[PDB]
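Form deposited in one PDB entry, single chain, as structure tokens, below.
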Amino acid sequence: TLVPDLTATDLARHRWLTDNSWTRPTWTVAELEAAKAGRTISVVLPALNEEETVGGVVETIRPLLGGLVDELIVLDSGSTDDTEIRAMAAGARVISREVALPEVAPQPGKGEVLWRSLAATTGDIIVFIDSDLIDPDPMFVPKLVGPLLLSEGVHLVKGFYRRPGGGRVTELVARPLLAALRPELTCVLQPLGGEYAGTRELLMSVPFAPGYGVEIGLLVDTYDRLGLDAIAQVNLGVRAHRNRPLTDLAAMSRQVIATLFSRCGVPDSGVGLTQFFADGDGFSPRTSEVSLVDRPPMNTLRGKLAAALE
């Protein structure tokens, strides 16, 4: 809706950029573990055919297990390569989508994986880390849980990277649409980032958007329910953006739009994106589908599950 009271200049100097944004986090693992105060921490790595990188990501996190980190799980998304055994050989516990929630048949896409991981974990804090990262840094998890353990009233922490400019979908799609529909959320540098942490109570009580909608849906639902102050962001360091083909990004953009529209009361047509390429006197069409149906809050399945929710 129309917000004539707010300007981009206002947003450029928002107090949130000072109080809830850490460009140089200096927390130590020891003071984070001392601040757990009985809360447990689960780290979840979604993985669809990431045999080349999953072990490297796991090993950056494995030394924390039994100290800061209580559970280290790779949620296997139906991989056909060697993802599972390499994750196990690197020290992670691996759980398939079926084992995570056997009563419900798996759907494709990343949101399904993160949603199912709620039923597979027990931590009061859940940290999500992508398993395709080529150069993961071992301070990812400590930085992501810092604001949850050492600030007040934070329930969602987004990890951003400094650019040595950035992601095309982030800068052209997600952030301009957030300026139009949820302008305070443009304070978040990288709303589509895959490295973030949330408290279980929050995550059990929001729907999970399907496919690549999941990050932006969680950000907007958190903002709508709890306000900007409940969100924080932390600099995870320098990561160069790797190249993805424009055609993949366009299908992903379509789903980001559908998920944002469904959270913001915008009636999305539900129609997938067609992409055309030259042929002769006609085109070579390429289509993708979009989903407008969330997985409901995991709390709604409570008491119906053979493995009980924590």
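Numbering follows the first chain given and starts at 1. Take the two forms, find the largest set of C-alpha atoms that superpose within 1.5 Å, and that set is the rigid core. First, how it differs from the form deposited in another entry.
Once you line up the core between these two forms, the Cα of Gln275 ends up 2 Å or more from where it was. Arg15 shows a C-alpha shift below 2 Å between these two forms [criterion: core-superposed Cα displacement of 2 Å]. Once the cores line up, the CA of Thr28 ends up less than 2 angstroms apart between these two forms.
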The other form holds:
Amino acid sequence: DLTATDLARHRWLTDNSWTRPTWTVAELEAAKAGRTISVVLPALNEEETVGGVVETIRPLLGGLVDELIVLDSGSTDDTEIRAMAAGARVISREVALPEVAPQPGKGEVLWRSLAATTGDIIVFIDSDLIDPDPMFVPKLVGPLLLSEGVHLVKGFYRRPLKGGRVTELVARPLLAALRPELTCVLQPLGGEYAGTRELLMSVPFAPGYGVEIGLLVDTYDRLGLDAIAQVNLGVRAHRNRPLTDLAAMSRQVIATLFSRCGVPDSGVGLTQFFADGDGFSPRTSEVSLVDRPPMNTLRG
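In place of the form deposited in one PDB entry, the structure of the form deposited in another entry is requested.
Below you will find a single chain and nothing else.
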């Protein structure tokens, strides 16, 4: 009947998951107790949405939130200037961490943001969200401010009563196989999450689209379920990404899970083919992004 995974997951849901994370901004400010909060929006060519995300967070500046930074990854559209006008601080990868040459991918941006921020709590929110809700940051920081022993909070979106394909086909099944207690986390790949500086400075950062799952597993391997919480951010329909983006995402999720769980990885990516009447000429990507070491090895 019941397994040890079932028992732990059920109890974790009752203690470390909030379906209605309704703490008030005032009570969260009162609980800061000298701690400061930084909010980071990673961004690459998100000109249509970045300002709207910033606008939903900026009312918290000077109270709950101490800094609001857009960490730009080399946009060629109007991402940076729209973020400026909307009321954020825009910092490039190069200014965030001058002593290390950048490499591509989302994980690099989040890692570098640790060097550019000062908060005791760092909140990450994706910059591609349409009409996000102003209560995202309060909900994400609640367990960090109020619940002893929590270092990582994952924000999830409620599923309607009536596409998450990488989460449900790749990430959750692989966690079931390799780290089954972590199947408790509803949206392990979600981009809205918060952590303590103590935690985040102490773990390596996986590259590209592996960053979220890498942080989740590294936290678990150091502190177990007790240190991880999740909060319901409300409704939000699934994003529709191209299938080729998704297969590449899956491949990086696999690589990052394997690196943390002791499984070797070939470094071989997926193959694209030149196709014509003479057949299919393969071109296969190979690994070129490295994990970044804990930021404590360079700062603080």
